[PDB]
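We begin with a single chain expressed as structure tokens, specifically the form deposited without the DNA.
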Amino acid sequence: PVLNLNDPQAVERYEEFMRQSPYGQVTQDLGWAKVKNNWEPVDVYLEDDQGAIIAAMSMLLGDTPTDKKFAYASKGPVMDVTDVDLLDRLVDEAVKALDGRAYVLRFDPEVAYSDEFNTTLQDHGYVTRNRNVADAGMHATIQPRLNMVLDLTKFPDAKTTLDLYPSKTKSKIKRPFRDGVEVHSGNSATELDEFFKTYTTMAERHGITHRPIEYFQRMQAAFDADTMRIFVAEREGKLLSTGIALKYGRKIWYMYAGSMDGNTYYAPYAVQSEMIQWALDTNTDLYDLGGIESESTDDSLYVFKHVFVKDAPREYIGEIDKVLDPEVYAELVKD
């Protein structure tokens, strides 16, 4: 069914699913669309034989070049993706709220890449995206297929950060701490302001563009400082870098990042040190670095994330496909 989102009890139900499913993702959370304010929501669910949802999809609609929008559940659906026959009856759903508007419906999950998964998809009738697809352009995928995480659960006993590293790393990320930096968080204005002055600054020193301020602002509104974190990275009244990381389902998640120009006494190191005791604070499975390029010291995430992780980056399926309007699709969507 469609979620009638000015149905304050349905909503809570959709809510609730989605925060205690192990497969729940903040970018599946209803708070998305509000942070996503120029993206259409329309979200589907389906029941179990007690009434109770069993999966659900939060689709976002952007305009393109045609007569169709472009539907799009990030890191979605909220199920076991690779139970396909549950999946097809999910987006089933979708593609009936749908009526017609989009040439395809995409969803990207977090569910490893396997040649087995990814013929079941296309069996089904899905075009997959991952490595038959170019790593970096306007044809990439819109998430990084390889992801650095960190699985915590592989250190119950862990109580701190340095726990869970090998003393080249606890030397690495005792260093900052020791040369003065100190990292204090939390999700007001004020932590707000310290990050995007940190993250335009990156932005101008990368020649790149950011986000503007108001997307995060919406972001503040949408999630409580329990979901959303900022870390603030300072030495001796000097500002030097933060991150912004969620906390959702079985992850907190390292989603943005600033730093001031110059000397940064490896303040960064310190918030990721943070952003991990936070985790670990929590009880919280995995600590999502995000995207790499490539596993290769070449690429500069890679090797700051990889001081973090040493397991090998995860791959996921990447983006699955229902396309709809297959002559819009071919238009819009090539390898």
Second form
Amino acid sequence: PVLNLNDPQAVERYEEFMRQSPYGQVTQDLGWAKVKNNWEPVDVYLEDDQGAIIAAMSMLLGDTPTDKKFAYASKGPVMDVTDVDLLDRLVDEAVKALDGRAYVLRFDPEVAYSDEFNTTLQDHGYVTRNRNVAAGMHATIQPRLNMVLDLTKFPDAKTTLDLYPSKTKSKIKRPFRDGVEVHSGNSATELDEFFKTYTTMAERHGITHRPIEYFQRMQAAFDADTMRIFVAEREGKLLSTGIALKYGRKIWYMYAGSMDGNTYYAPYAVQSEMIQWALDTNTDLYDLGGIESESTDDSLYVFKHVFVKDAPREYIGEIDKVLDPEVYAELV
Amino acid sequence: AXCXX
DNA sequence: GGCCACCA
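Form deposited with the DNA bound, following the form deposited without the DNA:
Let us now look at the entire complex, which starts with that chain.
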């Protein structure tokens, strides 16, 4: 069925499924459509023979240089996507809802790559983008290689240090021994601190940054038990920040910033406090996000490897249900 | 840019 | 990762 976004009870039932599913993702929450306010939401779901929702896909439709929209389900659908007979049924509902307006429906779920799964998807008519492509983080919209810490490997861990070898314990201890202190919250105060460090870091890298309203809509859509901004200071001086979202089975480190000059390893202190939040809440996974390669030349791998010693997770990548093949060929 | 998100 | 860097 298609979700009637003007039916509050129906939206609540949809949200309860997303928030309680082991496959839930913040980018599949209907709150992500409030963040992506320049995209159009279209959402679909399936029910089991007992009336319960068993699968859901939140799509956002974007503009292209053609007469067709781009339909994108970021880190969805919310289900076991290797259940491809069930996937086909859900995608069929999605295609009904899109009513011919999109040239493609793309979804990039956090499911492990495998050759058997890749072949199954292609056999069902999907076009996949994974090892067949790349350009690194630019080959796909979301990075396909991700540094994920499995906290279930440490059932008795009480503090962040309990997870790490001695060399890493020393790195984590360093900022706190040098006077760095971290607080956290989700008010306008922490947002302004984040945004100063975020724009400062963007200028230093000469790169574009998102407007503050992007994060203000996210603070409006997600309460402090879901969205938390961590702020590292030393002797009152702002040093670095990070934004983490707690949703489903993971806490995700999504955005960060750091000031110019000496920052006293404060980004390590942010990571430690974020991981401590995951331990305190019994969260299975802490996700530090994408890397370009398992390499010493990748500044993303080098930093994140301090906190993730296991292999990066490699996902199936982008799964494209092609609807207008002429436009698909032009744009992809 | 693209980390996406 | 090689006190050094990383620290989106």
